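Asks: If you want the building blocks of each chain, they are given just below.
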Amino acid sequence: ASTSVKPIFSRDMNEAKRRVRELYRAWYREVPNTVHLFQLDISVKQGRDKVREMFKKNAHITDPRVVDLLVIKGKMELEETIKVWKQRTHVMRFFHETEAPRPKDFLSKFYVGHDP
Amino acid sequence: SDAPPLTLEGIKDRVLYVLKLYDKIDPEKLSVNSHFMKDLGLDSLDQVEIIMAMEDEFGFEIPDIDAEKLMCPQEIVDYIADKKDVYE
Amino acid sequence: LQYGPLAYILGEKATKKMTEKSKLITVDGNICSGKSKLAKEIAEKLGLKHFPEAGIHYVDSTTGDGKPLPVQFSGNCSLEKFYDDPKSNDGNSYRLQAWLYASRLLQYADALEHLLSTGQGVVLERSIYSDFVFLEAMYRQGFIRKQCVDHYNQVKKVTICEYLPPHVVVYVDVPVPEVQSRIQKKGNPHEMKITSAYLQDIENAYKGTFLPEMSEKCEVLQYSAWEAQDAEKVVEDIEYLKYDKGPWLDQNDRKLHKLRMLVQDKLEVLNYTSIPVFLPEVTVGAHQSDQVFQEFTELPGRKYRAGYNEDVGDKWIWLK
Amino acid sequence: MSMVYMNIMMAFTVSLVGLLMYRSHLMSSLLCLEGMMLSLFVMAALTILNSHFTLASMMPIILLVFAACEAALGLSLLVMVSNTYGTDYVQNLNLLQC
Amino acid sequence: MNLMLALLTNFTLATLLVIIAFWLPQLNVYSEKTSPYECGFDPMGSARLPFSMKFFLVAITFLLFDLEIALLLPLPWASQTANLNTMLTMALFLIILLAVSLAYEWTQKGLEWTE
Amino acid sequence: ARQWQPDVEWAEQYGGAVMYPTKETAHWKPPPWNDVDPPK
Ligand SMILES: Nc1nc2c(ncn2[C@H]2C[C@H](O)[C@@H](COP(=O)(O)OP(=O)(O)OP(=O)(O)O)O2)c(=O)[nH]1
Ligand SMILES: [Mg+2]
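Residue numbers (this note's numbering), protein chains in the order written: chain A, 1 to 116; chain B, 117 to 204; chain C, 205 to 524; chain D, 525 to 622; chain E, 623 to 737; chain F, 738 to 777.
Read the hints as simulated data drawn from the structure, not as lab findings. It is possible that part of the hints are untrue.
[As the list claims (entries may be wrong)] Which residues of chain D face chain E? A partial, calculated answer using Cβ under 7 Å:
id, residue
1, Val-589
2, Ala-591
3, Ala-592
4, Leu-597
[Claimed, not checked] In the DSS-like style, the derived pairs of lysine-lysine whose C-alpha atoms are separated by at most 25 Å in a straight line are:
id, chain 1, residue 1, chain 2, residue 2
5, C, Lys-446, C, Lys-360
6, C, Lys-459, E, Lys-731
7, C, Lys-361, B, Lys-200
Where a beta carbon is used, it is the ideal one built from N, C-alpha and C, also for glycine.
Work the whole structure out from these sequences, hints included.
Replies: Here it is as structure tokens:
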């Protein structure tokens, strides 16, 4: 049948959502010494808040194969921050400290330009 | 010495102590049989953070399969007692 | 000239006698997995020698005449009784595990000596490294207590750290449902009582804590029930191994001298197997221990040192 | 005696007290052990050279050769402590008797 | 009076150049200017260099060889002795016992670097 | 009526770190059976 599709790691959501939790634990117990080695100027508080935001955006997913990739890519993004392959700039590219706000209210977009 | 045997009453004071120092939980409604998600209004990841917090004060690994069942402070206390062999 | 520092000086160095085929092969498996049939052929087609799996009477096989001794001089541990009433209050469960580990530990010392004495390889069934599968299977089912596990672990760490792991580990896989059926047709009334949940722990231990840890030290060649039926494939696979990992790569004559002087003396292999930890299961009262030790010396050829026993027709005792 | 004999012996007492009062570091004590030898080397040489004790002129050299050799033994022990605890603090050496 | 005056000059001049080299130039240091060079990349870890045993043996081996040198330095004066038979025996004893030290380290794999 | 020989309770008195436990020595433990503390 066409609907049947080969899996990646998990055969259903219940098994797939286990890895999200195991991945989350790795990140939560890695920020404090990530902020230490990289000598960042962000507290462990808002560092952990950032990981909360990243997961929360991929919360509407319902496909076990899509979730596996988002975990596989999540594990890679962690191996770079533990083996310090990333430099100080790469870790600070999540926090967007150099892009001016882009307001969402209609008037602000109307005043500035033609975009929606 | 200075390491008395663990007790269920003793554990429940250690368990609740961590939950007190959690900015997302109101200490007034902490209770001891209050569910983390039914009434306290916590999301799934909040429970995971608590279980991780419970491990530092009780040094031992809680496998994720076990963490799926610990959803109230009493169950946390029962789980540790079921693991460290303290019955009283 | 008995081996010793003088013999090592005079030339009996280990590396001058071991060839490229001097290896110590271990063949593992589950109950009724047919490891014995497989094991007897790996030794046969590699010019090695075979060691039957350590039974409760293994020690009696290498001492005296070599025949099994009455059950009293074994702790009254009987394999049959384990299956009938595994939850017995007399503590026969763990006392069976404790005794079998000692026999396997003694067997391993005999194996290492043979490899280091003449150079010939050796094939062994479940060894001291895989013996813990049964112990932790028993604990989960409730056949032993937590304290029985602690006593076993202490004896293991202070005794297993002195030896070298196997060169090649030949693991045979047999799904538990198949294991049950093989148990039925062999007609063993005591064995047929083995609860299935018990045979699942042996599999969980074998592939959950044994293979992953031993794969980073030794050579692992996993097989299935159908594959293991043929011995030529196993032998040729075991003849085309790289041997790129293991403690045996950092071994020289000096460190093998320290090993051979230990395997040679058996009262040093067993020294910690009777550490003074007063467990209810393995402790023996003073009156019972003394009474049994008195009977043992009254057997043929056990009263004096081997070679000075007139009752077995020894001669020259007055000049030997 | 002489003013020099006072200050050279003053240097031996100071080094001894430093050797008998450990702070935290095994290495820092080994230096005090070598400081004592230096004062003994100076004291012996002053007296032997100042008294024209010719055949005794080789004694300071024998003192230095053996004292240096023992220091090499001491350094080896210090290194082996570092491979076992990740530092050279004396307080890590409390397994025996406690 | 002449050796001390010469020693002071060689170390006074060496010092005078260091003071005029940290003060004459114009300095402007910021955070990344003063960071250790590394290799252009952020450091991997925060633990000092692990101990290497091979480097300690060469120091010790140099020391003990250097100690047997001091016993041989007086050889030029030791050859003016009337009893040459004894001197030539001891001189070749010290040197021979210095070759056995080398032979022992050589054969015990002490002069190798392949861990 | 047999002769009395020591039991487990009598024997364990000699199985401690010190013969006379006190406040200061309560933390002690018997050494390893092989005189080898695990590496760490
Ligand atoms: N509790 C416990 N039982 C053991 C231990 N070693 C063997 N046994 C038991 C399990 C089995 O019921 C019995 C024999 O096991 P086997 O490995 O020899 O299986 P079997 O002989 O039936 O077939 P096979 O040898 O493979 O040809 O002995 C042990 O270390 N602990
Ligand atoms: Mg069998």
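Asks: Could you check the structure against the hints above and give me the numbers of any it violates, in ascending order?
Replies: Of the numbered hints given earlier, those the structure breaks are 2, 4, 5, listed in rising order.
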